[PDB]
Amino acid sequence: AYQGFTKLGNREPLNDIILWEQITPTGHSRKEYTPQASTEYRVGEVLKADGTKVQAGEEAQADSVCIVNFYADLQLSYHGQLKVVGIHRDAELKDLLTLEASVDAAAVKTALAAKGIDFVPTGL
Amino acid sequence: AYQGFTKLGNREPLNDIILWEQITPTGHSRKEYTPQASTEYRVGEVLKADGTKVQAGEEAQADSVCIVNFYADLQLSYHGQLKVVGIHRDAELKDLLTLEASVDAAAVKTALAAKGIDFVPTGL
Amino acid sequence: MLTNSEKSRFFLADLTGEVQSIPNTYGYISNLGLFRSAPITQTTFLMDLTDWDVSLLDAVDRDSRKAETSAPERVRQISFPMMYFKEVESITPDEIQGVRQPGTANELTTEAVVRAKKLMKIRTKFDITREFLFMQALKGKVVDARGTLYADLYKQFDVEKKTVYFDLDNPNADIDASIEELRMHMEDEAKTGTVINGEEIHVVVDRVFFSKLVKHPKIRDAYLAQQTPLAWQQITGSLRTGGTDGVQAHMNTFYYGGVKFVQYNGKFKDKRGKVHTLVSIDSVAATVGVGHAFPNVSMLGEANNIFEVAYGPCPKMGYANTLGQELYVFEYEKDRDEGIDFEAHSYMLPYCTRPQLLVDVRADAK
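Residue numbers (our numbering), protein chains in the order written: chain Y, 1 to 124; chain Z, 1 to 124; chain G, 1 to 366.
These are calculated hints, taken from the structure and not from any lab test. Here a beta-carbon is modelled for each residue, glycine too, at the ideal position from N, C-alpha and C. Be aware that a few hints might be false.
To spell it out: a stretch of chain Y is covered by chain Z in this simulated footprint if at least three of its residues, at any positions, have a beta carbon under 8 angstroms from a beta carbon of chain Z; those stretches are [said to hold, decoys possible]:
no.	stretch
1	2–9
2	74–82
List of simulated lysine-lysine pairs, DSSO-like, C-alpha gap at most 27 angstroms [said to hold, decoys possible]:
no.	chain 1	residue 1	chain 2	residue 2
3	Y	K7	G	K334
4	Z	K83	G	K139
5	Z	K31	G	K139
6	Z	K83	G	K316
7	Z	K7	Z	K48
8	Z	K48	Y	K83
9	Y	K7	G	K121
10	Y	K94	Y	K48
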């Protein structure tokens, strides 16, 4: 290696944060978003109503939590689906949120809790 | 898939353009270059004396023809080597050259011909 | 056998032969067998790393019916380059035209003798390089004698390095404390998931460190006050009871606290002229004692070997995807019977899979 080491990257997070959700013939707690251009999505990310991620100063606009890893350059998810899917209604999720820079986690959690989403405190 | 198709890319050009060279110990007909500026290198490219690719308006500065594929992010050749290599004298090569935009092939061929590098016609 | 006299061509004197001086070679590590041979058919190789951890559990109220959960594991991947070595040599008729053999009177040199001598020199050079590379790998960073950096294990695997200070200069300093620190580090930082005995380790030190350790008052008095064969042998016997390196028939050895200390004098010269001591530590004055510690093979068994060597194929035709060999030797004939030329090739990289178990030892204190 030029620097003495090479790193091929870590495995993307797997969709296992869901501990409980409302089962229904059609997904009652799941919603579909049109993927925004040139945006990379990963499990545990917070999205606004329009499908864009939540940045600092707008935590009150948090709408849903992403569930599928989406590759922008392919315009296709890792499961071959055309759309992004996120949780937007009552459910229990592992406390493994991924947030942008300078985003206050507490505000996001309070905003989401109003929709019935609770976070189980994960161990180590 | 979005837009109805996805292309994973063509295979990189193989190192088979060499028909004849001055085979002697220590590689009399080969020279090494230091990679720089995260530049991607591919077989058949023309390099200046400083290791950079020839561009329009400076065809007279052509020095050697690249022989190895180099990846900028890995900072390693496709064979796991640290340095770029090229042919700079006493060789016969196929006509499968690669040139930057607006570069005249006649000028680079004439410049390289002065160093004893010849090209053989290729019938598709 | 008779030759011309010193100051007259008409008188003869008797020649009694030759005496040869051969440079020293050491090759100590190469004989321990620590490094296994792992030939491969490619110019690079990969590895996978898996990690997980656990923590204590917090009490919750019974009626609330709340609970806890554990985070998932982390998987990662890495890669390695490899080092290539090559050298050339040739034989021409001018080397045998009228050249007398050193040990005789009127016998001429022949092609066979030069061939054998040059091949032996090539093999010696390659053995020296292999020993140097093994020692460099054991240090934790693989760098060529020219100074190029090829592998940095402490960065390849995200982990740091530990140094242990003995403070042998201080008369009141305790050594058992440092030995226990080393033992606990080796026992705790493995994270192999099984029971580990840290008593199984090699400790290789230099001359100054060995002398300071042996001559410390606390060790000397303690071993002097005991009536047992080990005490007698070390205090007033000969400490040279170890194995053989490439030069001397026994290596200085010392026993204390269940640890075995060995003195290694190996050193080589770069073609730039400088001297590369094998046991030294980078950027530390040679006046200070220095050593290196690493686990034994039995500390984990062959099922979990830690040291390996990889061998790649030769660039020449007919070896495109072969398994690879330690050394290649080729011969070709020059044009119109002008002479012979040889070539020797090598392609290898030694590495370690758990670099955090390599500990450096120092005689000073900080």
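Going through the hints against the structure:
| no. | hint | verdict |
| --- | --- | --- |
| 1 | 2–9 | holds (count 3) |
| 2 | 74–82 | holds (count 5) |
| 3 | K7(Y) to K334(G) | violated, 46 angstroms |
| 4 | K83(Z) to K139(G) | holds, 26 angstroms |
| 5 | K31(Z) to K139(G) | violated, 33 angstroms |
| 6 | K83(Z) to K316(G) | holds, 20 angstroms |
| 7 | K7(Z) to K48(Z) | violated, 33 angstroms |
| 8 | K48(Z) to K83(Y) | violated, 47 angstroms |
| 9 | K7(Y) to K121(G) | violated, 40 angstroms |
| 10 | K94(Y) to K48(Y) | holds, 20 angstroms |
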